[PDB]
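Here we start with a single chain on its own, the form deposited in one PDB entry, put down as structure tokens.
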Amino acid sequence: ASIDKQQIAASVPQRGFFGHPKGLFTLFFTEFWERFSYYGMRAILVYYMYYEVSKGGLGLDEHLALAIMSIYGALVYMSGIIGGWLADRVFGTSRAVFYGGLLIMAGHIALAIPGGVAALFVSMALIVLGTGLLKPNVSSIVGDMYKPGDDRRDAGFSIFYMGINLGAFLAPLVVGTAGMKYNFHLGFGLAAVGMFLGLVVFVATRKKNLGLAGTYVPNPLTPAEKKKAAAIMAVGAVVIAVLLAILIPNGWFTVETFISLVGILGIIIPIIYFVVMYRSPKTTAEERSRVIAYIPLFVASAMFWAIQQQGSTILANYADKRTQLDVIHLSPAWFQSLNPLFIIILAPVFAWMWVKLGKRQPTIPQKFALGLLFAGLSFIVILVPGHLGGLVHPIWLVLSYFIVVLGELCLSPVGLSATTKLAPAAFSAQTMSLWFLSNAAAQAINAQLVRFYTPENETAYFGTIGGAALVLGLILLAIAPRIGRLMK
């Protein structure tokens, strides 16, 4: 049921928003508010879990709370895998965005209304399922707006993706402020209202602004496949029934078990995927060598995102427990604005730097190494003020976030490119998933590392992890020339 791209774009108004189609406005703010609600909710969710019950918190254990936050992004990734298949083969990107938005908004409401631990579980599940339908499909709709040959395409995405960091910056300052200063449920409420605005703009304007875009099923399911798909669901449901019948009476159906399962998948799944790509029948001898060459880059990426994603977990707790907020009075959630803030400012600087370097600029494997070196350094900087025994000055924590961003602008922008070059030709449609997998696997590993983070093990925690990144980064530099030459 795929429709001609020129015909799809023909149903879309071509102007009305900075020289771009009106649909860009619709998609920009739909994405903005969704990212706003998500990052706003995340900025206080960790605090909401381990804070005292008398302080409006859930009274959960600190290590359990931090572990839950860690697996959150990983679950979204796995959800995004499913949501991509659903939109491409069942719903279409427009319907997936709509349904996703509903589940997400319902997720926030479950936190906004008076509730407890059970409300948390329900909220996460709804948001995970909803985000999996929203996040990966919303980008496909903007692509449908631009006809083949329309040179405004790249600039269109650039404006679109700008909303992510914009939402990631504003939200902790709005949701975080209201949540921490006044009431947690109020902050959760503003997240719900935020997402609601996303649904409002989308639903009301999509018919006139987006037209045919996303309203079709790109790769529909044949009657034979539909019968085979339901057979999978029937079998899977039977398996899911057996598991519940085993775990529940044993008392093994807990969040601790689920975290462990995610952790195992964080190591097992990447291993299996590398074997598949290597032993795939359509992969040539040159491509197998490129698979081996991609292994250190995947490990480095995962190690990088391990440190980067801890800025919203371990470092979030650091701002709440080990940081002097009164320097007038800072909110611990405000530190979640630093990463998107520094990216917004430093990105044009970095882009200008690569051009000026020209042929002198570092290669892709070297940029991976540079990202890892900065990441490890950010943990070294962070352990220093504590070793020198009360609250540390917040300037050290800010500097820690800053150094991470320096590493991110080295590794991240070439991440997908590196994956595309070293992945086999047959796996071209899975290049994004493979690249995003490293970041996903990192967060799954992060949850297992949580228990090692204690005030007594603090210096060893930051030092070992940061030191491991420095060692790996140093090794990657050495083997970078060989890997760089294998690049297509």
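Each form is matched to the other, and the largest set of C-alpha atoms that superpose within 1.5 Å is called the rigid core. Residue numbers count along the first chain shown, from 1. First, how it differs from the form deposited in another entry.
- Here the two forms are overlaid on the core, and between the two forms the C-alpha of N250 is the only one among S260, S280, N250, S417 to shift by 2 Å or more.
- After superposing the rigid core, the C-alpha of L357 moves by less than 2 Å between the two forms.
- The Cα shift for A155 between the two forms, taken after rigid core superposition, is smaller than 2 angstroms.
- Once the rigid core is overlaid between the two forms, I113 does not reach a Cα shift of 2 Å, moving by less than that.
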The other form holds:
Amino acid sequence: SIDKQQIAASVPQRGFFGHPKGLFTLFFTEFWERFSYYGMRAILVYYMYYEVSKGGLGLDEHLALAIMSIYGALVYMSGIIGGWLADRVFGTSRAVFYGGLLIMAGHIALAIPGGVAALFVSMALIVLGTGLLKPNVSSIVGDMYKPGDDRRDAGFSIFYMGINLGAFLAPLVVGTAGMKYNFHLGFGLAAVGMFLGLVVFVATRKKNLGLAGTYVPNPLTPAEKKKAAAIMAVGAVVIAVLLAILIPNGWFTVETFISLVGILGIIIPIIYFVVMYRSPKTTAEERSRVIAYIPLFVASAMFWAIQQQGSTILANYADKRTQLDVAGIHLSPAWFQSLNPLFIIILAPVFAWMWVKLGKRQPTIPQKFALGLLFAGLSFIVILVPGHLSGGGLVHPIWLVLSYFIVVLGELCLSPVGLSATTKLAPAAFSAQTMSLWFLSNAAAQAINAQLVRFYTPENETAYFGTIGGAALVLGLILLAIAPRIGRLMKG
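Let's compare: the form deposited in one PDB entry is above, so bring in the form deposited in another entry.
The following holds one chain only.
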């Protein structure tokens, strides 16, 4: 580990609107990575189930939606693996570079002509790449600011703005090109986008970032290196023999893989909670807090289940259930993916002002978890209405827009206090696993979403939206009732 002051001494402190010029490097690196990921994601589901004559892969709609959900789950889990790799072996800067290369390679696999096999390879590359780049790029920006610098909070705020900006612009650019012209063109623009991010990072990181991220904070001992390497070596071999027998006659299929991730989505959080609660490095007070964190984890998972279905289920809804031909123009179904980031950009300052204005009268963190859950459930109730009232046929796009608007209201309640809630209720011995634990509920939600896809049909569409939305409302009411007890248990 290199001293923070010596790190800051290597980084230029000016050059980018009162901020270090390294922020420029990191803002645009992450922007383009998010742009590419969100652009590709906006059209990926359509590319999967559209007929082959339309340039699609011709897969079943349910299979496509399930794969999308597994995709997001694996990406979230990959950030945990990748965060460990930078911290213990690569360094954050080197992780961003290698990750970025893998991401770019993944987009290329989609850009070039190919079938379902090309998609699976692309998925693996992006999952691995995003895991290395996404969590580690945000680690470097902190390195640029010396302790006591009041520009730090402002720097992160600007950096995070690029994530939303990439999320807003991508479906309008990559989505339009992919849907209107050709799918591979859109995937190609995503590849170009990531390439732009790679260029800016590689070319400018030496001067702009200096020593930041070029070191290994927690390197393995020599004995650990041999211990680690053998496990993956044995691990890699063991997986290979299994799949070789399983692929033709097992039979390990994409459905089995989807089921596995669904199994992992339930098992993994359980193991995490058991380990924390049974840990000999925990106090009695901390063990009670872990228990108190359980309903908060469940609420998060329920909320993110609905929210992340906006990129899957509602994506299919925009394409199959929504009147695109309005006002003499044809709306692109991928454009609806721009709704969530747009509403976030506009409403987030309003919510912040509201919390400030409320002051002591503002809801507590567990109550904000409940509010988020109530809004999420409401968004599904609203969404079923038009299809329910109409005998059949497409519905007005205003219903879907409203549904996205409502879930954002819930997101701005739960999400900003999500990590904060996790830190306050996690034992000091597990203080390092705080981000992973918070990410885990979002990952588990998406893994579960994939199992729920089969229930989403035109026949029981009302039942699907109603049961899920109803479940969120019920849990929301329960959480409100136990919120006072949980709030008092929080550290502070």
